[PDB]
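Heads up, the chain below is alone and in the form deposited in one PDB entry; it's given as structure tokens.
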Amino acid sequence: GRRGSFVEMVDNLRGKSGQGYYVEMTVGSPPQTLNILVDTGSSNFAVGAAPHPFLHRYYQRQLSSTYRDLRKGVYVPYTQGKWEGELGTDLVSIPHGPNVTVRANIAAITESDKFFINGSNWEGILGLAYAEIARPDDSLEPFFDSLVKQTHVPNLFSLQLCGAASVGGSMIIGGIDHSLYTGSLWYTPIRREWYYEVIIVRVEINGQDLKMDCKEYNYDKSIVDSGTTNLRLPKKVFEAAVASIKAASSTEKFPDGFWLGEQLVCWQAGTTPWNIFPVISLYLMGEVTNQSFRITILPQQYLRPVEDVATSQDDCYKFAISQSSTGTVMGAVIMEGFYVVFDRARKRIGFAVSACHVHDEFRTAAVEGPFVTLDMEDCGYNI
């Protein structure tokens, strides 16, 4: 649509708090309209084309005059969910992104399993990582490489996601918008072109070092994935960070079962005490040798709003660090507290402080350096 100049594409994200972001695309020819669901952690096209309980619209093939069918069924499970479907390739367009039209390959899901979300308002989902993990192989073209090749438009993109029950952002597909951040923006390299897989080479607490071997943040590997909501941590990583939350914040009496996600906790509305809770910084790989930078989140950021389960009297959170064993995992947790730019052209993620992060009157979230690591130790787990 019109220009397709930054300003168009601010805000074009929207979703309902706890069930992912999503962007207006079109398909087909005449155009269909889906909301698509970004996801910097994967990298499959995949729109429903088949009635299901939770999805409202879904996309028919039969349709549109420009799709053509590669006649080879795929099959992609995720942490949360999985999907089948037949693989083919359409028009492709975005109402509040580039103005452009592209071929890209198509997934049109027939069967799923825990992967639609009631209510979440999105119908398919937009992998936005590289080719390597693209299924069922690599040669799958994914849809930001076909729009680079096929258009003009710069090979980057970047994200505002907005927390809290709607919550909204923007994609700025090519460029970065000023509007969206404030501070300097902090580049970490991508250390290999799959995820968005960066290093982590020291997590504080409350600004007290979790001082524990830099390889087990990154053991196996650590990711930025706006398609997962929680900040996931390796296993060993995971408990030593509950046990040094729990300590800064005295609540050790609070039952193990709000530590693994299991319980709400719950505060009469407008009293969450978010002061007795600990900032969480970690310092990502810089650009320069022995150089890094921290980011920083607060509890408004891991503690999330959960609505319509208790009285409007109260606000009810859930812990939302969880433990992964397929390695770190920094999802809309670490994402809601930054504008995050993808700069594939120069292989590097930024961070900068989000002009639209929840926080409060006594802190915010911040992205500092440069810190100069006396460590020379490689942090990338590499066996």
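Positions refer to the first chain, counted from 1. Superpose the two forms; the largest set of C-alphas matching within 1.5 Å is the rigid core. First, how it differs from the form deposited in another entry.
The one residue among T271, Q313, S250, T289 whose Cα position changes by 2 Å or more between these two forms, with the core held fixed by superposition, is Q313.
With a cut-off of 2 Å and the rigid core superposed, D375 has a Cα displacement that reaches or exceeds the cut-off between these two forms. Remark: with the core as the superposition reference, the CA shift of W194 between these two forms stays below 2 Å. With a cut-off of 2 Å and the rigid core superposed, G73 has a Cα displacement that falls short of the cut-off between these two forms.
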The other form holds:
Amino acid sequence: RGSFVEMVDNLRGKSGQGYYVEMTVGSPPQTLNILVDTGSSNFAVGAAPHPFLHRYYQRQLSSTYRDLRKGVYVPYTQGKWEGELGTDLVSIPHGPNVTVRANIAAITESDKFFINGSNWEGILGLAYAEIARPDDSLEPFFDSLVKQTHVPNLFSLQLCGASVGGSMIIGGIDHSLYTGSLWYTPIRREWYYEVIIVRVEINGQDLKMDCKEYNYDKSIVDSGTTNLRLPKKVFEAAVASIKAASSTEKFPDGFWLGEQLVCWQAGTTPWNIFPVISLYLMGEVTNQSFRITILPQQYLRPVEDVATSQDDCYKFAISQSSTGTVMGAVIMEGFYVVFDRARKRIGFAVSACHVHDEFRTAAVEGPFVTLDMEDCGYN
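One more: the block was the form deposited in one PDB entry; return the form deposited in another entry.
Here we give the lone chain, stripped of any partners or molecules.
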């Protein structure tokens, strides 16, 4: 408990392409880099020589592969993959010293799913069976892991942003990865890691919306999404308030919609003109909340691959949503995030690695008194 030195720094990534962990599948073990995704629940790996993949799962080389004789077709808003289901032995080399028999979707056809130039070749969905494809009888990886071994039912993520890196602690918490205290918010329902936001402030100024609008139709903690997505109505209010706060410079309208970048001369980004963003989350106790606060360092994302420009360019990474709030890497890179499945709660603490400056830091503060927090959930 509290110290897992072998798992620290077991994540890597490149800006814009997400965080992955090394895993091995099959016997003899095949090593693959696997995107860590708390917003889905299938373990699905490339299994055919797609041109974007550095490597892929070759089932014929595995003596322990067992075919389930069942296909799965999985469309997303943008991507799709289709694959064949089976089980095989899986380990995490920088992980607990255990091997489990897990479900694996061997992806045989995909579109807009893999990223050209990325170093991962499959996804590890860490959310619950309720959103597994094709249905909830396909047991997710973490469920199998906890069933089959003595690993405690919790994991924790420290995503360190910009090469990016971080730690996924499987079965526990490493107190070196955060400062101050953890504050916990309840998992409202076990499908996505669904939470309830009860108040939103921009530079300490409350948006004063009906708090149900913050969770319309849900709010989730999602390591497989870059941005902070906000329900459209809330996005509209948030942007207006952020524009107002930063209005000491004028940026094209398109910037705020993520339709264009903004660039400054190297090392001169005016961080100070941009506001902090605070989300108050439902706490553990009736009428009690806490707040997490992020900086423009989290929500202005560096864009490196800009052959059009000499300068430091940034994308605004808060965006409007039709799927509810998504606390993606923009929120997670500020904090150490504990997915305490055993107690159905998510903890937040200020991350020891988050990017900040000499004036401001990400913050997790409590308690606050917030009434009618149960009304904030959308049904």
